[PDB]
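The chain below stands alone and is given as structure tokens, in the form solved without pyrroloquinoline quinone (PQQ).
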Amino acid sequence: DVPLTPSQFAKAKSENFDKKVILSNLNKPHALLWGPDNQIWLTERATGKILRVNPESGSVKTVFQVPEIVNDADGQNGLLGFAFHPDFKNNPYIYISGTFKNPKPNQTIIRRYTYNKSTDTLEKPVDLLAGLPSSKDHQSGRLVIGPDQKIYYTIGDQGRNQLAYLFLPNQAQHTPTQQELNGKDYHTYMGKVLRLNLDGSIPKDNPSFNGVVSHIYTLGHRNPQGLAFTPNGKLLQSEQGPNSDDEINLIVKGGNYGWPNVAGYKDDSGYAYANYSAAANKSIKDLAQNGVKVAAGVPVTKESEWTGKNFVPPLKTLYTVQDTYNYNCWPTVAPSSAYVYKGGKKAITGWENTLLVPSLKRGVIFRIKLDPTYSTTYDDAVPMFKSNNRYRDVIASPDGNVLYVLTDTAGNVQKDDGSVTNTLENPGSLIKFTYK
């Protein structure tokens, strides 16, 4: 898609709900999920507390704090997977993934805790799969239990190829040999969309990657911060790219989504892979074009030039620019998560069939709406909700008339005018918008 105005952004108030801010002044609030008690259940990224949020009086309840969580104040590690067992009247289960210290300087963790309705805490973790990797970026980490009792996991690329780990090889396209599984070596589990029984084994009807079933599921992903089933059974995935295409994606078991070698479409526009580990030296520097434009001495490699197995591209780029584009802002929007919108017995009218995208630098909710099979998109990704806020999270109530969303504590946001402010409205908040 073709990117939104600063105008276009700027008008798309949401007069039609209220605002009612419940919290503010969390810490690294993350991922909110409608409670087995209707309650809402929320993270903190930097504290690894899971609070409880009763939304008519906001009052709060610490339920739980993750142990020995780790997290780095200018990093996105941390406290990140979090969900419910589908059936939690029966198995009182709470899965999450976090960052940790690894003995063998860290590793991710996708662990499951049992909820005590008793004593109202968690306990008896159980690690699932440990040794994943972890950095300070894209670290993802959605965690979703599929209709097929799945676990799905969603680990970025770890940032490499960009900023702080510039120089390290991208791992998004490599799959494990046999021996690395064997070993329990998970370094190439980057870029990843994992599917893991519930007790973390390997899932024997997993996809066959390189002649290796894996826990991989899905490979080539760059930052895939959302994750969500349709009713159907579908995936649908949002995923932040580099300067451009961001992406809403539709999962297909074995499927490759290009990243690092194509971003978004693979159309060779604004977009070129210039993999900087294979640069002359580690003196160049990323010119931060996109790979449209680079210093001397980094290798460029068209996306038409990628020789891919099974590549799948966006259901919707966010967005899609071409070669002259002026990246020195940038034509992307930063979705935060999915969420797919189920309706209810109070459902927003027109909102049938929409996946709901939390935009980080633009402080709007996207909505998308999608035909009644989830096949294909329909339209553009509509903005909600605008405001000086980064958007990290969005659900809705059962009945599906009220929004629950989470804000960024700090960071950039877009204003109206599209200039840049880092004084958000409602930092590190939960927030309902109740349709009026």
Given for the second form:
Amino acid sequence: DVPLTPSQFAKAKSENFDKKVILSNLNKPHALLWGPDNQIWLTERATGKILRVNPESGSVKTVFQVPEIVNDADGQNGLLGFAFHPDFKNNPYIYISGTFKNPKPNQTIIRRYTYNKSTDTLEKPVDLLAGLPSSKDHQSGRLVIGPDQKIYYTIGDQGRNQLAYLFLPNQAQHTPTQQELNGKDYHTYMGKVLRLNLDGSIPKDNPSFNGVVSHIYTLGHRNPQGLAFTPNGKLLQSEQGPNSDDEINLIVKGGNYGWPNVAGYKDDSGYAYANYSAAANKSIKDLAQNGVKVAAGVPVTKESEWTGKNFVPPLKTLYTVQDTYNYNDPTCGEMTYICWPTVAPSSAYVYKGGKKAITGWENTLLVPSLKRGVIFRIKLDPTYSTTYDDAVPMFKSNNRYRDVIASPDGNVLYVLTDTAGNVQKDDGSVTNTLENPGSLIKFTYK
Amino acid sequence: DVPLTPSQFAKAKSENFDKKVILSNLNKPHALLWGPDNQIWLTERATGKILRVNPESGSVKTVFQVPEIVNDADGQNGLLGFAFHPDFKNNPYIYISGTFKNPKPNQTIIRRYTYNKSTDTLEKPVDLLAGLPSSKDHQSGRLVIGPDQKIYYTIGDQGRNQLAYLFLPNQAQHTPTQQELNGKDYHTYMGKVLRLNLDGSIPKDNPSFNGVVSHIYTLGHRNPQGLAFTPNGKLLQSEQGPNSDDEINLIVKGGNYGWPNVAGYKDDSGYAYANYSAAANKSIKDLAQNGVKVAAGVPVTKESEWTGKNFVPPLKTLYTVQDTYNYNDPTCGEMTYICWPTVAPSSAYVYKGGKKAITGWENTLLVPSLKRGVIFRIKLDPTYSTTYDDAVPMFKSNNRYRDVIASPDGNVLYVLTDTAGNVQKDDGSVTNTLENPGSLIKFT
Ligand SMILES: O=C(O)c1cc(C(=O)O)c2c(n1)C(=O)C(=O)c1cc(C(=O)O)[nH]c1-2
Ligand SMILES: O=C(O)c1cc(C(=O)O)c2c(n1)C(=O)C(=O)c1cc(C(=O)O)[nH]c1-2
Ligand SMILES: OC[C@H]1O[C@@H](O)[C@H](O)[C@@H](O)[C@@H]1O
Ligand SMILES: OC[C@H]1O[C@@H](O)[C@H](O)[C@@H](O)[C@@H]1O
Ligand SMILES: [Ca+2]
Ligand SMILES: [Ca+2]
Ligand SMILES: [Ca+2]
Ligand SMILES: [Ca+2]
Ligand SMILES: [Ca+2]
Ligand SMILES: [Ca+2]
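I've shown you the form solved without pyrroloquinoline quinone (PQQ). Could you give me the structure of the form deposited with pyrroloquinoline quinone (PQQ) bound?
Every component of the complex follows; first up is the chain already shown.
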């Protein structure tokens, strides 16, 4: 899709909803879920805390704090994945993923907890999968349980080929040899959607990549922070792209989503793959022109020159631009990146309506934006096979929306906002003054 | 997708198949089917003839000639739609569409015939749907019977907003009023996928548009000459775009495929909608630069400015380019268009494999190209939800490929070629010298 203008974003205020801030100053609130007890449960990435909030009173209880969660002030690491067992009433388990120190500097671990109703706390931790890659950038970490009773987990590309990890070789396209696999060497588990048994083992029916069946379900991902099943069993996803081409994807077994060789469509438009890990020397700068313009010494491959297989294009890009696009626009001052044609999608939620469903929201996907301060509504057809029209911005504000859910009746939305960061103002200019720092906000349909 | 180069087409010779011309004297062969009798049936668009060919021997019989078929030498009209009833043994009907004079100058008519095996001919014609738009351009006309036992028919935009119909207002986005339906006025039946009952009536479960349920199933199409159901009931389609953005689409009930406001993706790249019907200068010329550059006077709408509803993007474009693209390529001397970043897909065929299935052709869609002289192989995932990778060209030749099918076994392909027309040679130049004019060719 084509980028919206600052003016089109600005007018998306959603006057049809009543806003009520339930909590503020949470410490990097990250994920929220409608609980099996009909209470709002949410995580604090920074502290490892799992909070349960009473929707009516806003009353908060710190149900549990995951011990030894490692978090960097300037990183996207910490407590990430969070889900309940689908049949909680009979299988009182909570699944999480987190950044922990790797004895063998960090690792990501997927772990199960048992919820104790009588003591109201989490207990009996079991590490399902440990030794996973870890870094300060592009961790992803969305964790869901599918209709097939498997764990689906997004693990980002770790930030390789940009910023502080500029010269590390991106592994989004790499998959394990049986040897690595036998040694539980999961270094290729970057830029992937993993599928695992509820006990952490490899599903016998997982896709085969280069002759090996591992935890990988799909590959070629950058930073997929949104993952949600539809009522008919399909898997929708949102993913952060570089300077362009954030994506909405449909996740299909064994698919290759192209990163980093391809961003968005295979269109050679507005992006090219500059592999700094192959650059002549580690002294060259990243011009930050999305590979369209690069410094001498770095090998660039067009999306059309890539030779990978099973490439699956996105359903929708936010956004795609042409080679002439200016990635250095002097409107976002020293925070140029905020003016890039992206929306920085932080999650992905399948709206399921209910007895008070919101008019016209059937088969929609809600996708919160960090840098634009809106929540997008994206319509699909009734079979969730295609999108209809464009991503509609809602709830415009000077906030970084991090996650969103709806109440069972469907007439109330609950959203989380970031504690700090940059957001685009009504006039396209950049601000780090967030209206609702680290909040739990409720939007009630009038 | 990004355009291949002359050299990339040139190299798609498919030295792994054996070519053998089965028939070569055809006059504008258009559609070909694998018949319920295990013979190959094909049509001649200009003559209205329906031929049957023995796949083994190559013996051919003219089973019937549809009477009073109208065809302009310079046109795409004639006998178009052609399908068999799915339960032929018990319902020996053949469904066609054809250009006929309109007493009330032409109209398109969807008609049924009954097959008589003892006399081996067609009879008892029944007009299912008449009074459909007709013109010399963009007729489309693919006719298929779905798993729901309904007729699905593609009807083009009639060429409006280009060439001889430049100043006519494109109706791809228009739908009928309940008053037009009641009156059997089907003028809005342009640039659509229609869905009809086997008797021509309106299916009670068809989609509703602007308040009315008509034969329209989907709208916003240019020239969709390809239509094929997959084994799991999905509807794949191919469609001719203008100077760019030919499409592979997945047809979903009530979808809007964007034409003419949007070509390919809604990306504002390489196309814009210049509405000549709205220009004040009937004097205005078409610069033929795909809306990127136009003469003064004609109103232009960007893809991103369109206020459409239910817009469904293509699965794949052949091809998409940027605004810096030059639509005036010298390599193609006089026939500049041939060098345009399109492939001109004339059909769409779902490869069903079989006992001798071509290795790795599982879940593929075959798309013949007129202007490039290839057959593209397009891979989809096993649920026919997404494409995998790109369109792989095959059988490069100086021929205009018009249709393609496979034998039940899956190891032989049958293709039709045009009698005449321009085709891109191995090195980019255009030639009107076709290697196998109007033939039925088999690739083993
Ligand atoms: O392209 C951008 O302008 C932009 C902005 C942001 C952001 O505002 O945080 C992120 C990203 N990109 C991005 O690619 C990304 O992976 C990302 C992750 C996060 C996050 O806070 O977890 N923000 C962003
Ligand atoms: O863009 C092109 O270069 C190009 C070429 C051709 C062609 O070769 O005839 C057709 C088209 N476009 C086209 O848009 C189109 O609708 C069309 C129909 C036919 C036909 O012969 O039935 N050719 C073409
Ligand atoms: O450079 C723009 C943004 O790019 C993202 O890939 C990084 O994770 C963010 O830290 C950064 O602010
Ligand atoms: O102009 C290029 C081609 O464009 C198509 O839209 C027309 O149907 C063909 O007759 C024409 O040759
Ligand atoms: Ca980004
Ligand atoms: Ca991708
Ligand atoms: Ca791209
Ligand atoms: Ca064309
Ligand atoms: Ca279209
Ligand atoms: Ca377009």
